[PDB]
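This document opens with one chain alone, in structure tokens, the form deposited in one PDB entry.
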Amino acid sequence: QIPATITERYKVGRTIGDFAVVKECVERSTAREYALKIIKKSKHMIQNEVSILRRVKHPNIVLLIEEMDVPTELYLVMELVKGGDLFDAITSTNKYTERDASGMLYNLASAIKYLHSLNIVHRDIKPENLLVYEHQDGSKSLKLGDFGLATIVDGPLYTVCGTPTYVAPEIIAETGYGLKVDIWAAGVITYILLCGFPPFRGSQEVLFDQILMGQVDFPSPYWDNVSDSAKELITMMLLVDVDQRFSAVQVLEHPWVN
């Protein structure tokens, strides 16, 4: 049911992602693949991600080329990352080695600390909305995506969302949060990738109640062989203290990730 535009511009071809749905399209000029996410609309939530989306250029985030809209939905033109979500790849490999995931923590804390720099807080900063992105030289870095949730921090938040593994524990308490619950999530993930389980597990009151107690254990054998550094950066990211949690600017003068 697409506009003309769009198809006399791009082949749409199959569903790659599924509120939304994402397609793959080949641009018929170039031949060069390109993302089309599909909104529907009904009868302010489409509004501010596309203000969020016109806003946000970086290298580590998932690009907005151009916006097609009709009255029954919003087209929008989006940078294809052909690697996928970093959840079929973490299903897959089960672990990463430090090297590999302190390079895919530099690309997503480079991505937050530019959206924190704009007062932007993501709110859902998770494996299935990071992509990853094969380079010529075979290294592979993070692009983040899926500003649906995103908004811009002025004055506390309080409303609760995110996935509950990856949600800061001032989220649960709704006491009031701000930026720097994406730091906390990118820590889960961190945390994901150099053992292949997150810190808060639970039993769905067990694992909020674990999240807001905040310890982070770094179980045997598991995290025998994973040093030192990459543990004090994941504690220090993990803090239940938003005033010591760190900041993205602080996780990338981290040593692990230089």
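Numbering follows the first chain given and starts at 1. We call the rigid core whatever largest set of C-alpha positions still superposes within 1.5 Å between the two forms. First, how it differs from the form deposited in another entry.
- Of the residues checked (66, 69, 232, 209), the rigid-core alignment between these two forms shows a Cα shift of at least 2 Å for 69 alone.
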The other form holds:
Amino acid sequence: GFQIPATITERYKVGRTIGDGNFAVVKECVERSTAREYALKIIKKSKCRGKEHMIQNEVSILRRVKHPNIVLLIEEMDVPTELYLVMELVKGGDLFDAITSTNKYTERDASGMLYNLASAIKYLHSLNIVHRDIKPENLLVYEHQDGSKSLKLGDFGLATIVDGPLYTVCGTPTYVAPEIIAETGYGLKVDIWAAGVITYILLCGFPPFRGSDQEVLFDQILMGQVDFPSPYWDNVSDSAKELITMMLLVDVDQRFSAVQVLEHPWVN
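Same protein, different condition: the form deposited in one PDB entry was shown, now please give the form deposited in another entry.
Since only the chain itself is given, any partners or molecules it might have are not part of what comes next.
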């Protein structure tokens, strides 16, 4: 039973539900004056004891970010029980569904998607922002007039600013960087690790660390042994394998920055 604020209903016509989850509801909505379509993300704040709700972080970060490979924030409205975000609607849906539908991608296609993602990451890191939740489900597929596709990064819910090492253990096990799991302190490059895992999935359809018991999974990540198994990876270029390898280094100082990803021949 969402209490939609007057200011939102005044300018937008709320539409159909396009997604639903444990913390947010996302709806299609239409701006009355222009008929332009947008997404309305409704974030349910956590209720505590007494008449109060927990404060949220997403908007503090979203307010700062403006980039073509990032879902644009149009407007925000905070009420005691939930938070309202009007955001650009990306009609092609998200990358999780695309991957299940398409299975795997060509190198020309995957590199273009990685080029997109690393651009977003380079930008965020230039602002000292770590996303900490980069994975296909948080990536949206923009479909161009020319038939081409581009990625847009959304959902800044776990995002924060890096000023010295961070320690909060968070994320999705498949995509989570070893230093996060090691609890020795982490920073911006956890996003590169995530991008590496995504690129790996794009070329073969399965993740590099699949585990067995969530114990085997975490050990695999900490050890970082990246394989490119036959026959799945036989027709994939050495250039692609080299780049993914550099993104998935346990040694944080050796692991590529986003700039280094964009400068690699495979993405150019």
